[PDB]
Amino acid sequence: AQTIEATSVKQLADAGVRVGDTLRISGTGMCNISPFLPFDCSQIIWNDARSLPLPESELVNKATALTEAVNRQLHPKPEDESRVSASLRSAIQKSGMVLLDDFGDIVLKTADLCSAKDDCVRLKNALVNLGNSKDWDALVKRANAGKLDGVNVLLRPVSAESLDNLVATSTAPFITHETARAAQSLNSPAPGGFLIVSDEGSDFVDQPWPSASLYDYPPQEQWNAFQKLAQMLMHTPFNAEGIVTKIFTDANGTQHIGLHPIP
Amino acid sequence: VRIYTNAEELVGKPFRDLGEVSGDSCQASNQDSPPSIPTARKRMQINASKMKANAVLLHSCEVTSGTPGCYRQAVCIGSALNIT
C-alpha cells in the first residue's frame, strides 16, 4: 500500500491508485450536481476538460431585460433616466398619475422574450390595447419600423398595476423553466477524469455556506443565487484526503474513487 | 391645436412630448385693463403649432404679481404634445 499525493488530474491518472492506498489530492474541480444544493461538494468532478460552462440563459436575460424596462417606468431608481421633458415629468408627479416613458421599448422587449405565437398572449393583448395598432403583429411591425421609439402612453394606476402584474406573471415562468433546464444540463458530466467521493459524505471544499436556500426565493432571485453558487462551486479549490475504499471506471471513462477519512 | 386640462383626458392616446410652452398677457400699470388669460391660451397654442404640436396638456395659469414689467401678470403654461 502506497501514499499518493497528487496536484493534477494527469498525476493521479499515472499514479495507479489501488484500494487500500492513502490518497491526498488538492486542485480545483466542480461539486457534483446540505447548504450547497443542488451541488454536492462531497463528490468532486476532477477533469482537465471542464467543458460545462457556467449556467447562462438568453431567455432569462430577455425576461430580466423586460422586467427592468418596465420597472424603470413604473418604479424609477435614483439614477434612472427620464425620457420626457422635466416639465411634463414634473407635471405628472404633482398630477398623481402614471406615465410610460417609452412604449416602444416595452413592445420590443416583449416581442423579444415572447417570440412564439402562443407566448404571453395576455400581455400582448394589453399592449395592443394601449397602442393604436390593429393586432399584435401590426404593433410589432411598427415597433420594428421604429415608429414607437420614445412614444409615451398615459394610463391610470389600475391599468398600470394590471400591466406590472401581467409582466411579472409573464416573465417568471421563463425563468423557472430555465432554472430547471440549467440544473439538468449540469447533470451531464464530461467524459474521463475523476469523481472523488467522500464515503462519510463530508465536503471536500472550504466554501462559505449560502445564507439561505435558493429554492425559497422567487424566480429571478433564485436564478441569481444559483448563478452565484455555480460560479463558486463549478471552479472550486478542493482538498481530498483518505484511504481508498473503492475505485472503478464508469461507462463514460470517469474513474470514481471512494475515500475514507483518516483520524 | 387641442387643449387638455387633465392628464386623464389623454389616457389611451400614444403621444410624443415636445417640451414646455406658455402664453402670457401683461397689464403694464394698475390703471390698465387686467391681464387676459384667454389671450395667453391662444398665444400658447399658436406657439405650440410653431413646435409642430397637435395638442397641449395645460399645467397652470396662475395670475402672479411679483413679475417685473407689469403690475399683475397672467402666466399660463403647459406641455406641447403630438398625438400619434
The other form holds:
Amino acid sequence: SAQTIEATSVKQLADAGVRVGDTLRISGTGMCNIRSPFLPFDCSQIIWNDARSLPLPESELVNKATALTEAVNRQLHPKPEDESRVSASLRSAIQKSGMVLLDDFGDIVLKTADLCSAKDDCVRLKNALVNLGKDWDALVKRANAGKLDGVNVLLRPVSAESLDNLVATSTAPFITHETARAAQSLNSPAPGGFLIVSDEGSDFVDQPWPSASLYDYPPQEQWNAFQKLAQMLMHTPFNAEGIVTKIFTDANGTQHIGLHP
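Could you drop in the structure for the form solved without its partner chain? We only have the form deposited with its partner chain bound so far.
Coming up is the bare chain, nothing alongside it.
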C-alpha cells in the first residue's frame, strides 16, 4: 500500500494522504523556515502554505540609525555643491587643511539622543559630543530649543575622523539588533499547510548561495540585504523528491514531512 505522489499545490498533497513509505515528488512556491547558507533562513525545511505572506518588516530604529549616520557624514564630507552662510574660499581652506566645520551641530545632537534614547546607550559618542562645543543631559536641552545652530564648531583632523568612527561604531549595533529581531518577527507560521524537511539537511531551493554571509555584511548594508533575502525566500520556487520517513500533524494543524532519497 505504498502510493507515489506528484503534487504541485498544497491541496493536492493534503488530498493524497501521505503515509510513511510513500515517494513524494513535490514542487511549487514556498518559504524557508526560521529556527547555513541563507542564515537566518534554513532552506532544508520549506513552509508550504496558501495563506499569503507576511510583509517585509520595518524598523523605526534602523531609520533613526542610518539617518544620524548620514547627518554626520554629510557634514564631515560636504560636497562642492553645498549651501553655506560660510565664506566659499574659507570653506576650501578648511578642506585643504583636513578640518571639519559643523553646519548644524544641533542636528547632530538631536538625532543622537533620538536614537540613543537610553542613558546607557552609546555613552562614548555623547561624551565626545560635549567637549566639542556641559554635560550630556544638558547639551540635549540646549540643542532641544535650537541654540547650537548658530554655534560653529571646527574640528582638528583626528577628532573629525575619530568622531566619524565613533558614529559608525555606535549605529552599527542598532542595525543588527533590528535585523535579528525582524527575522524573528517573520517566524510566525500560519496554521495548516506543510513543513517539508530534508532528512540530510540538503537545501530544497535552487537559489545561488549568497557569497557574503548576512551577519558578515557591513553595518549600513545589513538591513537592506536582509530584505532582499527575506523577499526572495518567502516566495521562492522549490522542489523536493524522496521517500517519506516521518509524517505527523502539528498542534497548529501543519503536517511535518521528513524526506530521504
